[PDB]
Amino acid sequence: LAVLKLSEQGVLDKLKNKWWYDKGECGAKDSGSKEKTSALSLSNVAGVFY
Amino acid sequence: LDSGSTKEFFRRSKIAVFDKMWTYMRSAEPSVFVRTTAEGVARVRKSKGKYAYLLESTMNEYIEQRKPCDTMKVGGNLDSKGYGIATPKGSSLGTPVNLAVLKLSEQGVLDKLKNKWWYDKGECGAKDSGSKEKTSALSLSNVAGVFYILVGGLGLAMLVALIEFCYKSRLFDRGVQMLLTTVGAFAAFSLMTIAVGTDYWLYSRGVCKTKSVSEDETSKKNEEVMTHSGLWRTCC
Amino acid sequence: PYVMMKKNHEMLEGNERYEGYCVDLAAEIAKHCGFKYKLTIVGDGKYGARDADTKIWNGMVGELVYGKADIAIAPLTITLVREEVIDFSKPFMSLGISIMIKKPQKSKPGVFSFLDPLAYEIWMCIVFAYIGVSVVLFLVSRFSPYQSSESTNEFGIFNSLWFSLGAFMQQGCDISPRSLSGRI
Amino acid sequence: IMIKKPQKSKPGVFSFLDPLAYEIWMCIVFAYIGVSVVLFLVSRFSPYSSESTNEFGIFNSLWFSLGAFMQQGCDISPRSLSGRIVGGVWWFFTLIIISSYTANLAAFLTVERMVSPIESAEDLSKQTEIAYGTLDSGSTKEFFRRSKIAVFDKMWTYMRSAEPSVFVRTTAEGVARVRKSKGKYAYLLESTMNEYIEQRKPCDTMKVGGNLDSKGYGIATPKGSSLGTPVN
Amino acid sequence: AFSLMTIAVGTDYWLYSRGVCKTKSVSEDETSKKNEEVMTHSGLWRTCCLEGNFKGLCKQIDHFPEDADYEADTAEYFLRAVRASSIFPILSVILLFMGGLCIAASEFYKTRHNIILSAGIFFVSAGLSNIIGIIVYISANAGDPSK
Amino acid sequence: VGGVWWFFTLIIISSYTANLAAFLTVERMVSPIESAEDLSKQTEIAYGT
Amino acid sequence: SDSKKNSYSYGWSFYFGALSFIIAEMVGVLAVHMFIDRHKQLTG
Ligand SMILES: NS(=O)(=O)c1cc2c(cc1Cl)N[C@H]([C@H]1C[C@H]3C=C[C@@H]1C3)NS2(=O)=O
Ligand SMILES: N[C@@H](CCC(=O)O)C(=O)O
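Chains as they are written, first to last, in PDB author numbering: chain A, 748 to 797; chain B, 650 to 819, 1002 to 1067; chain C, 404 to 549, 563 to 600; chain D, 502 to 549, 564 to 747; chain E, 1019 to 1165; chain F, 601 to 649; chain G, 1166 to 1209.
By construction, these hints were calculated from the structure, which means they are not laboratory data.
Some hints here could point you the wrong way.
[As the list claims (entries may be wrong)] Ranges between beta-carbon positions, derived for each pair: (1) D:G725 x C:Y533: 36 to 46 Å; (2) B:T1049 x G:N1171: 33 to 43 Å; (3) B:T1049 x A:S778: 53 to 63 Å.
[Stated by the list, open to error] Here are a few chain C residues that sit away from chain A, every Cβ distance over 10 Å (derived from the structure): (4) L442; (5) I481; (6) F515; (7) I525; (8) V539.
[Unchecked claim] Calculated Cβ distances over 10 Å to all of chain G for the following chain B residues: (9) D760; (10) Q1008; (11) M1009; (12) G1015.
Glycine included, each C-beta is placed from N, C-alpha and C at the ideal position.
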């Protein structure tokens, strides 16, 4: 009954999401580049400007 | 929904995000609550993205796999719930029914039956149209702006030629040039000092006084808010 | 798709009347445990809720409490008040509240789509670099060559603009620098 | 697996005119003519023999735009400010159009296969858009119902729910059922029959993937037949 | 050329396609069976079908629909309003008429010497309006192509 | 004459430089000998038994 | 990749630095023209 009560108050959720996400000081970066190909960046060509 | 488990959870929600949703729902006209779920599905489709519906994930997946395939599930699970087989107290088969659920889960038959009925018996079956990869000829509309710029460049060229022809049918001075050069030099120095000195270079999400101390973890830290970062300073 | 009426359900009778995922699940729970099962659809068609003043579980939870129904292989969420009276299984399938939007119609009539592969920063830097190269070339050439040698070259500031643009557009230009720093 | 062949479309002598739509080729010629006319109009306004200083006649102006469009370049160069305006905009127009043609032409040169046909029976299983049938009272049909390979069992499942009935009566009818559906439908039979029929007319069939199993055809005698051992 | 442009405006044979004819001109029609969309001579404003049971009848195109399947895009809204209110082809005809006035008065109004010059400007400016009216017509036909 | 030659050279070079990089870094095997009848008509590659 | 969540926007300070660039290039060209007249005056 205790586990059910915490789940219906989100206490299981609140404890879980607080510990995992906030101790993630490292950026998650599961995304990276979601699209396969993307526009040119200034960083790829900034030396030519220099 | 007008009356449902979704209705009750956001009532019980203490999250500020969910409460702001819940404040909108109590005070929005036309009434955002719908009498039945099938009504809300038709209402979202009729309202063309201006109205969106909150419903359970398995229902939303089912609506997508049917036709006219015109609804999209987005987001993650707001909260987690479960579907449990119900048996009365002192159930004769109740514990073996639990063991039967565990066996079908571990054998994967629960998911295999689940993955079949939603994604194959569904009319849409969008894997086929999603697998369409065909390069094509460019259309005119794909490059239509380039044609527009050419025409606009043509008409501008005519207009400049006409006004130049009028002006030729009708004298720059050196002292005027010296005065203009003095004014330009003072202004360009002024613009450059303001730009480097005052700090409004970038408007983006950035770290403010909620985490002005970078060292303090301060659990959620209010992730990062709008920030007028600049060359010498970062400010929110 | 938990329970489904087929176009031949009018023909079919008994357990064969209804099909679906939970109907499959009812059949699967049957063969593991070993019980003959009778499929019924409740008339109220509402999820189990204890009422305000009659205080009767409405629908499937009432029929299990009141002995009529033996089991509920049904899309029934586990709540506190329901679990308190009758025991549930561990949840066979999970659910979450989800957002549904009408699918946004997809096309890019991009009209200025030609300047898409380079970002607008890069276009801005090119225009600044275009103006810089044109000015430097004019400053290089008309930097006191020595009457005539001042006026020998055709690279004025207006011509210096034109030279660099044709060079950028991969188009041949009429004039050529003919000075060492200018040719650099 | 027996499916209908894809079309080996024979491109005409104007295959180069493929990356741009024929409307665009019309629009380019129309834009070519207008710019050349405008540039001649710009070059000759009777300025204030000042018009004679410009070398741009219409025939020069046709010539300048063509060298711009073909990117080869021309000797003459516009020297009036509006004359430089029309040229530079047309240069910017050309730069997009020619490059977009070469980029798409490179894309059309890169041709690849297996996208339009079905890769194998797992790809038949992944999409029921191309349905499939088996021969009536055949060992082929009896194999798929009794082979518990997971692709085969899902393939037997759609065989159970298939309308109109994918099973055919004879071999030639099932062959004809591939043809009559215009590539929207596939069929299953033995490899040796399929190899003969694909080498016969109207030569519009081919075998995707490979044979899923290996089997044999043997001379058949009754159980305990006296002639069983000599025919062995 | 003024005559050619006016006949072009005043006709409905711009595009031939398998478009909706008068049987499905009535919206949400029942038991028409979609009528298999016989040939339609689309026009500058007219959606009249040809070679049909219901040819000979003319209805104007209404490019703005009752129901917008896509969410209303501002740049597309501008482009449609250009095509429906076909002001660029209309302005072309006017500039053709203005040059034709200048051509008629070119013999008269001596010592201006710029009437013929004003005619040539009008002739090019009419021609520029023709191309952009052509382009939006191709762009509109590309917009919602079909199946 | 120059115009038609200019249209010619545009098509040919764009065709030539379409996928030119892919025809300098193909390292694929020649595999000159294929079948038995191909093995039969030559003696330079010997038969082993 | 587009940093749409970051939604980076170049404020008025960034535009003014661009304006400082454009004016300074214009002033430099005008300055050279004044020299060319004066250097031509020196020849005369
Ligand atoms: N994919 S599914 O619906 O078949 C499915 C659904 C669920 C599974 C396992 C599967 Cl395979 N695990 C849990 C249950 C299985 C055991 C582990 C946790 C409980 C007991 N319930 S669930 O979260 O409802
Ligand atoms: N050899 C097969 C031929 C028919 C079939 O492939 O179904 C048989 O006798 O069954």
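Status of each hint after checking the structure:
{"no.": "1", "hint": "D:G725 x C:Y533: 36 to 46 Å", "result": "60 Å, violated"}
{"no.": "2", "hint": "B:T1049 x G:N1171: 33 to 43 Å", "result": "22 Å, violated"}
{"no.": "3", "hint": "B:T1049 x A:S778: 53 to 63 Å", "result": "25 Å, violated"}
{"no.": "4", "hint": "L442", "result": "30 Å, holds"}
{"no.": "5", "hint": "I481", "result": "8 Å, violated"}
{"no.": "6", "hint": "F515", "result": "14 Å, holds"}
{"no.": "7", "hint": "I525", "result": "6 Å, violated"}
{"no.": "8", "hint": "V539", "result": "14 Å, holds"}
{"no.": "9", "hint": "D760", "result": "33 Å, holds"}
{"no.": "10", "hint": "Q1008", "result": "6 Å, violated"}
{"no.": "11", "hint": "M1009", "result": "7 Å, violated"}
{"no.": "12", "hint": "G1015", "result": "4 Å, violated"}
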